[PDB]
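Before any questions on how it binds or moves, here is one chain, the form solved without NOR-N-omega-hydroxy-L-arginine (NNH), in structure tokens.
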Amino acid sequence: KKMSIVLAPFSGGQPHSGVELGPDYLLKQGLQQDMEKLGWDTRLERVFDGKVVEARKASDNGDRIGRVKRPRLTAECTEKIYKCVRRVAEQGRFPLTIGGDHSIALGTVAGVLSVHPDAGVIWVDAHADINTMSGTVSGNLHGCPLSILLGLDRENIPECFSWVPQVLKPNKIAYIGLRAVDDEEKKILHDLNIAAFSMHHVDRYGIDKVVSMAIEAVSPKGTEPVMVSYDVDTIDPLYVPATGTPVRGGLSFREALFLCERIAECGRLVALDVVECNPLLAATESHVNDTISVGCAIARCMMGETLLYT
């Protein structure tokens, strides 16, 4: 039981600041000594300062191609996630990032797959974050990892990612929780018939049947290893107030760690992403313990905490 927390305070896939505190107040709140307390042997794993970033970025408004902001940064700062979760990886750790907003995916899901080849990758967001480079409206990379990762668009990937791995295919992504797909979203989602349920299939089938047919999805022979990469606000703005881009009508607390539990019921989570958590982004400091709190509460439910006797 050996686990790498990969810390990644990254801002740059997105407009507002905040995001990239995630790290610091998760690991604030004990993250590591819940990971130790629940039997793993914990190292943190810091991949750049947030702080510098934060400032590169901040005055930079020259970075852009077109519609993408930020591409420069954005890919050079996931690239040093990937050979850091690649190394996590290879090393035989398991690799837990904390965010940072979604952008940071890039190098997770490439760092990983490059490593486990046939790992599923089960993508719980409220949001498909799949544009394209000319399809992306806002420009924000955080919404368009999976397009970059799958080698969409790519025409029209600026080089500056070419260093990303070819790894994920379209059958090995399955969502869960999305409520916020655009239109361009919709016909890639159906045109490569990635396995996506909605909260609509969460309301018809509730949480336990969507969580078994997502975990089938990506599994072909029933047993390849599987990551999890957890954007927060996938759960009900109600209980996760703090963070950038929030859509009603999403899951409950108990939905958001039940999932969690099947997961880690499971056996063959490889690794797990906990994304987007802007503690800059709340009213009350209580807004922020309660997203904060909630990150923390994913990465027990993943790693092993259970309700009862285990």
Contents of the next structure:
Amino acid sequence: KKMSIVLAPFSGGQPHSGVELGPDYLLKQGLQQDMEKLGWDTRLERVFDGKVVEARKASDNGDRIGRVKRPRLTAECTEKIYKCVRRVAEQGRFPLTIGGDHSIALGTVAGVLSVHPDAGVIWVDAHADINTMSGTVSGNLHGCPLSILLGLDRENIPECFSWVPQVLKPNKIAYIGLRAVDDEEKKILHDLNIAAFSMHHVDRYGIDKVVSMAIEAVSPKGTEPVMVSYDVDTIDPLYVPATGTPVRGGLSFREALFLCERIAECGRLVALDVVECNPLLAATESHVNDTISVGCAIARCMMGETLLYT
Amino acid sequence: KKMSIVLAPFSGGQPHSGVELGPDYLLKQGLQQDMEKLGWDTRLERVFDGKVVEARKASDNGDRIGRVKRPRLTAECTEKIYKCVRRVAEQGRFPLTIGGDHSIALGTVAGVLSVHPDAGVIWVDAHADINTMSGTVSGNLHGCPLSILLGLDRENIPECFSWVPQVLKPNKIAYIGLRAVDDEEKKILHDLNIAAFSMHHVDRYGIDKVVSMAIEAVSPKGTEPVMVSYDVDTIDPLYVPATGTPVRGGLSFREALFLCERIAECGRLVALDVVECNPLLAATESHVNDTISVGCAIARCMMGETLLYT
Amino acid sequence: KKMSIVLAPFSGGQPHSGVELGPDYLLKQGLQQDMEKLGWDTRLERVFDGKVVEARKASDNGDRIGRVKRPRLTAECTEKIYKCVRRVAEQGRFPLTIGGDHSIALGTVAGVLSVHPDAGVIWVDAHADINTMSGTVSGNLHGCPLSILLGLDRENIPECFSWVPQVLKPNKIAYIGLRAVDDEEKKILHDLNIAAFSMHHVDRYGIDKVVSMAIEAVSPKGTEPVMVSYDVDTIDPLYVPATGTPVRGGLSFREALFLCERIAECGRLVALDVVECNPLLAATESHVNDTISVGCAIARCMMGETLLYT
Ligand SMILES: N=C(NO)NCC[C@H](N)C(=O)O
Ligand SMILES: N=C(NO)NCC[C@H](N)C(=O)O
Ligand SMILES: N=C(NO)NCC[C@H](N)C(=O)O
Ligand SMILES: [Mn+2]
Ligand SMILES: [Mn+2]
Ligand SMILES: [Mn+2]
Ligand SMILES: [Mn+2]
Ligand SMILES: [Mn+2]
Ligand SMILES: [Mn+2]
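Structure of the form solved in complex with NOR-N-omega-hydroxy-L-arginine (NNH), given the form solved without NOR-N-omega-hydroxy-L-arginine (NNH):
Whole complex next, starting from this chain.
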């Protein structure tokens, strides 16, 4: 029962700065102590200096390839994350990555599928993060990771991303909590027949059924390893206010956590990313505390924490 | 695919002024652009000058018939709405009416049932709005429309309402989200055996089942046209604060919208009223924005807007 | 149809003062008028002077037996409550007790099971309140009542509690809404196989199923009398802010009340405690009003109040 808590304080995949503070905030909230308390032999893994990267992002506004903003910087860092996560798994340890915007998952998923190529992927998010380099309207790379992992729009993808291994198929990715999908993404998900459960399915079937369906969609043989990339903005902003791109009509705090327990209960989770926590994007001390403690809550629940006897 | 957005800035059916501003606010929120974006060939239909009517209401406190307040004024305006909506339907266009307090539905429903006499009616509301002229304690006519449409207490109903055609039967009206019913109304609904789904059924069966049940109750042959008069105060005030008579324990924002999609999904909606939006009844700019954007949201969702590919 | 509204303004079972104001606040909110309106022939029953007891608690910091704080004082008062409730039932009247912290339930449950020894007990709470005298970390007796009623840790229980009759078995107590259980309590509930439904079951099955399950667990023959000790802190603090130990992820206002109706609908409720309302533990006038009116709401709903015709 060994765990490596991968710190990924990156913010180049999007406009607002502050999300790179996630790792620190989470850790000071007692994340590592919590994993220990859950019986996890933990050790931190730093991939790069958070402030050094902020400097390179704040200045170099010349790092672009079309509407895509900061592709080189995002490629460099996500590659270091990929390599890091890859080793962590080769060592037979569970990698829990703390972001940082969601573009880090390009490194995480790439790293996990490198050791567990048959792993399914549950993308808990309000967004589909599948925009292509050519299609991305905003150009914020945190909304493009999946397109890159899937190898879509191969032609218009640059050199700085050639390091990205092609190991993720459409039938191994399942969304949950979607409600802010771009027209381009709606078509893509439909073209590729990606299993996506929007808030509509949650309202229709309740979180339980959805989770069940989500897990089945990426787990054919019922034995496959499961990975969850958890974007906190999936949860209604009235619970998670400190986040870059909030959208109303999100999961309730109870659903956000129940979802984790169902997964833990699955007994096949091999990795977890907890992203989009931006402390500087709050109004009070409770805005940040509620947000960060929610992050730690997803971690404890995913890692086995239950409300009753265990 | 033709639509007429009927503007009904009336506030005589109740105490608070400001609800007649609904139409304008909605429209500036981009309501018509939204219907266009949904592929609806739209055109506005003005029934009367909003400020002119406010003047006649503010002054003439002598317009009463018992406890009933402003019956003449309400009759005059709701008649113009009736006629308007009637023509809009005769033209084969979908009428989307924006209020204005709920007393306008006397004109809307009367207008719709004039062209589609077999249309069922789903009343999404926290209130039953079925009080009689004689029974109404408050005297606020926005809580009496259904009694008039149903022809109840025929004897004590005045001359100014003789224009109201009798075309609505008890078996063609179904409530959803009820939680603030008057004793008089509880008896009536029971006497007439009106299908009413209070918050109790939502909590008990969940919004999906309720919607299904609500649609079946007014649609025997499974082919009948469906009309929905949507009172925004059905939604919990923590979502829709700017409304005249809010009651706690309402539908969540997610339920409010999911309900619409289920209906749209029904493929038989022939008309829709979106009422009780009172901008001046807020505390902040978000109170109004949240309320008005919620109004536009019900419109988009009812008219086909989905979270995923369509 | 006779009812005795037992006033129990006690606060010795916990740190914060103000919760003894519950009874008064509730009553001024019209609690008794409400029970009358529901057709209940009511009469108040005062057990002791609320301010006199506050004086004895504020001063005597020497009243302890280990980590347990104020055992003598709690024993004296809960005994008076026991006796009171016992008589109220012997008189064939329904006892509705208003607290006051949850340690009063030692008197209430003891009183009810004295006249209805086969009565099941539904503990609506975020906490299990089953800590032992020896195990209690906090020492706040409001989290120990059930251990005393169950006769657990008999050896380390003091003289001042010998008056407590042993009439409650593990198979006659069922929790609902649990989410803040201590490690000690988790073991106990598991050892004794106590039917406990945490927020996890609510999220998983919805409030309806849970209530059904909760009622079945304590009602084998399907004829047994039912008692509910209702801790308002079971409801999410965003609904019930004025309470001593709030925990996020609670029941929604709708669930809090729906739960009551299901019970009322059961037709076998023989007693009800409504506890933990601390007016002085608010920030605004709405904090207190919302809290206290919620208390009265649970009362009306439990006692038969429905949203539709009855
Ligand atoms: N934060 C996210 N996703 O996680 N926002 C993505 C927003 C938008 N879809 C884009 O392409 O930029
Ligand atoms: N706003 C509404 N209904 O839509 N309130 C109705 C209130 C009350 N039932 C009455 O007769 O006036
Ligand atoms: N308010 C309550 N329960 O109702 N809190 C109990 C807290 C804690 N379990 C204890 O032993 O003190
Ligand atoms: Mn994301
Ligand atoms: Mn997102
Ligand atoms: Mn209405
Ligand atoms: Mn209403
Ligand atoms: Mn308690
Ligand atoms: Mn409690």
